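**Q** Next come the chains, spelled out residue by residue.
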Amino acid sequence: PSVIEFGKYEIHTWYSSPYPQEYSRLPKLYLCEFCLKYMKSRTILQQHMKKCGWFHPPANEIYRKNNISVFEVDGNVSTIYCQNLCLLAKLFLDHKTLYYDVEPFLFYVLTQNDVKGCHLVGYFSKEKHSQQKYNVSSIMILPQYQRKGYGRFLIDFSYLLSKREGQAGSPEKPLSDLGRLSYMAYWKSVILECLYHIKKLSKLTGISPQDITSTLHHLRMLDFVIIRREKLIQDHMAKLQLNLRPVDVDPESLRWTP
Amino acid sequence: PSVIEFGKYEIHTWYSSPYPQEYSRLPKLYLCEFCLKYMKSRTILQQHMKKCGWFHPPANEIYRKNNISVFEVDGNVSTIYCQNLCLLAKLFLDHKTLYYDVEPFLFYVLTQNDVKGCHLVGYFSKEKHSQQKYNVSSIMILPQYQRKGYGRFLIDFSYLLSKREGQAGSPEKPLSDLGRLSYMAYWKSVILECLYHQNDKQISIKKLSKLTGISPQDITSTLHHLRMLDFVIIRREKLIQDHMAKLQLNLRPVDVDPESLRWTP
Ligand SMILES: CN(C)c1ccc2cc(C(=O)NS(=O)(=O)c3ccccc3-c3ccccc3)oc2c1
Ligand SMILES: CN(C)c1ccc2cc(C(=O)NS(=O)(=O)c3ccccc3-c3ccccc3)oc2c1
Ligand SMILES: [Zn+2]
Ligand SMILES: [Zn+2]
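Same order as they appear, the protein sequences are chains X and E. Here the first sequence stands for residues 70 to 327, numbered as in our numbering. Here the second sequence stands for residues 50 to 314, numbered as in our numbering.
Just chain X, with the same shape it has in the complex:
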């Protein structure tokens, strides 16, 4: 599938997804932006939209501040929607673990809300119980919302869940290109802001000891110990004050028990 219609956006795909044969051989796919069902023609989509009664993901809203929500979706309850989500995601992922056996997985769907509904920005999948302590399986932001802070938001959100349940976590390897950039950029900003104010640091922040030690090495703040480079710490705090991140996870706005 070369391109998809997803609501009011026409979006050019990055990769191929295993949509069933009779859909896979089509040049364009037509998608409901709310239930994520896939269809063959624009007249079929226009007729689904008239009779479909969803304006949000089919799940419990665990976060809402400003016009930004997170819905906590269970693969064992809303199986078909989560399967549809996995096929949508692969169009913008180099690879992903599974598409169908979604029942042992949770799906945190990020939306941006207006009068017309809760429109899908992106998501991250998570194993209900992961032996390797992975707090993220796959993570994805749709093209139209990229380079605007939603990526950092979701990564920060994934670490808040880990903190709340009192276990340091890590994304499942290997990561996507934009994934690797985001995660490294996140770890940098968090560690620098957290120092202005290792085993102790990992506890406060919820980042795996491995992930922290590699980030310090990249910043040249590692003796063979943490070397405080102040010019780096001060100038980062200056960069945040004179523009600010407009999209920011407020811990007080999370309604969730682990």
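Simulated from the structure, these hints should not be mistaken for lab results. Hints should not be assumed to be uniformly reliable.
Derived DEER-like restraints, expressed as beta-carbon distance ranges [stated by the list, open to error]:
hint, chain 1, residue 1, chain 2, residue 2, range
1, X, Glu79, E, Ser73, 51 to 61 Å
2, X, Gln279, E, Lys99, 41 to 51 Å
3, X, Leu313, E, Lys99, 19 to 29 Å
Listed below are the simulated DSSO-like cross-link pairs for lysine-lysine, each with C-alpha atoms no more than 30 Å apart in a straight line [stated by the list, open to error]:
hint, chain 1, residue 1, chain 2, residue 2
4, E, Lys99, X, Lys134
5, E, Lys197, X, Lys77
6, E, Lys99, X, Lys217
7, X, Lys77, E, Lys99
8, E, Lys197, X, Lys119
9, X, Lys119, E, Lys212
10, E, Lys114, X, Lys185
11, E, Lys259, X, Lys120
12, X, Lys134, E, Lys57
13, X, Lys197, E, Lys177
14, X, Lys120, E, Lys89
15, X, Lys120, E, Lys182
16, X, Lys185, E, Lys86
17, E, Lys57, X, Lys232
18, E, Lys89, X, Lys134
C-beta: ideal position from N, C-alpha, C; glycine also.
We have chain X; now place chain E with the ligands onto it with these hints.
**A** Below, chain E with the ligands alone, put in the same frame as chain X:
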């Protein structure tokens, strides 16, 4: 709890509901008309309303015609909202089965829609799988909307679901006073209207129950009350004709349109 603020209505309660102790001993409760959360003060409600972004039940709209919708809410998905709904309902119910273990239940919320949102009129709960074939557990209409046709609408709607999935159904017993009146009045009008459109063509009970979705038991008791039962249906024509005459002039102001239901069983 004597009285509740529910949107733009102050409403006097009929019964007590098991709201937790620290709320139960209060003279008034303040309720969000959209998410159904309960609060202690007017200033607390005014501050919830600013940051709550809901103007309808948090679920799939399966019906909308004129300014009337039905939302299909699942106890296993929107657990807390359905729990809040159960506590709201008990304030106007003599009794109800459960309040908390809502996960095996579906909740059909009826709304009347204007520019300010989808405002709650009433609901009926239903077991996802009932061994006794109950198509309604509890049903309730809020006072301000009573005696206006919303009650008959929801009962009619509950039987359309039963028809669609191809099983005759019945409300869980025992029924409330207004429940018993509505249901008996509904069964009468439906059986009489359903007979006018058979010209003469003699119909059986098992065939009638299939067309209408009403339990054979419920039908046989209604015929007995109307004196239209041999030991089979005795068509009293003057009764059938005069009912159709009553509908022709008045018209039923709120009416379930089967073409407007977007739902698979
Ligand atoms: C398609 N796909 C698999 C994926 C996978 C992952 C991502 C991430 C993003 C993203 O847009 N990230 S980001 O919000 O731009 C950001 C990430 C880290 C650090 C900073 C910022 C930032 C902050 C403010 C302004 C601009 C940038 O898109 C993605 C897409
Ligand atoms: C509180 N609770 C458990 C309940 C439970 C059940 C009900 C039912 C009703 C209702 O209002 N039903 S009604 O059909 O609207 C109606 C009731 C009486 C007298 C007349 C009419 C009527 C009929 C047709 C056109 C206009 C008016 O309120 C209810 C409240
Ligand atoms: Zn849809
Ligand atoms: Zn609310």
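**Q** Would you mind marking each hint as holding or not holding in the structure?
**A** Against the structure, the hints come out as follows:
1. Evaluation of the 51 to 61 Å hint for X/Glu79 and E/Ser73 yields a pass: the beta carbon distance comes to about 55 Å.
2. Between X/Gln279 and E/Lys99 the beta carbon distance is about 43 Å. The supplied range of 41 to 51 Å therefore holds.
3. One distance hint, 19 to 29 Å for the beta-carbon pair X/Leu313 and E/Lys99, holds here, with the actual separation near 22 Å.
4. Of the pairs offered as hints, the one joining E/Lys99 and X/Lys134 holds, with about 11 Å between alpha carbons and a cut-off of 30 Å not exceeded.
5. With a CA separation close to 40 Å, the supplied pair E/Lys197 and X/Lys77 exceeds the 30 Å bound.
6. Between E/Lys99 and X/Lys217, the direct Cα distance comes to roughly 26 Å. Compliance with the 30 Å bound is thereby established for this hinted pair.
7. At most 30 Å may separate the alpha-carbon atoms for a hinted pair to count; X/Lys77 and E/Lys99 meet this at roughly 28 Å.
8. Restraint check for E/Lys197 and X/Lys119: the C-alpha separation of about 29 Å stays at or below 30 Å, so the hint holds.
9. The hinted pair formed by X/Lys119 and E/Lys212 meets the criterion: a straight-line CA distance of about 24 Å does not exceed 30 Å.
10. Of the supplied pair hints, the one linking E/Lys114 and X/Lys185 holds, its CA atoms being roughly 19 Å apart against a limit of 30 Å.
11. Proposed proximity of E/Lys259 and X/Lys120 is supported: the alpha carbons are some 27 Å apart, at most 30 Å.
12. Annotation: proposed proximity of X/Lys134 to E/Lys57 holds, straight-line Cα distance about 25 Å (limit 30 Å).
13. For the suggested pair X/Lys197 and E/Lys177, the alpha carbons sit about 26 Å apart, so the restraint of at most 30 Å is met.
14. As the CA atoms of X/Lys120 and E/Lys89 are separated by approximately 39 Å, the hinted pair breaks the 30 Å bound.
15. A threshold of 30 Å between alpha carbons decides the hint, and for X/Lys120 with E/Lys182 the separation of about 29 Å falls inside it, so the pair holds.
16. A C-alpha spacing of about 24 Å is found between X/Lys185 and E/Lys86, which places the hinted pair at or below 30 Å, so the restraint holds.
17. A C-alpha spacing of about 41 Å is found between E/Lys57 and X/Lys232, which places the hinted pair above 30 Å, so the restraint is violated.
18. Proximity of E/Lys89 to X/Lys134 is assessed by CA-CA distance (about 23 Å); at most 30 Å being required, the pair is judged to hold.
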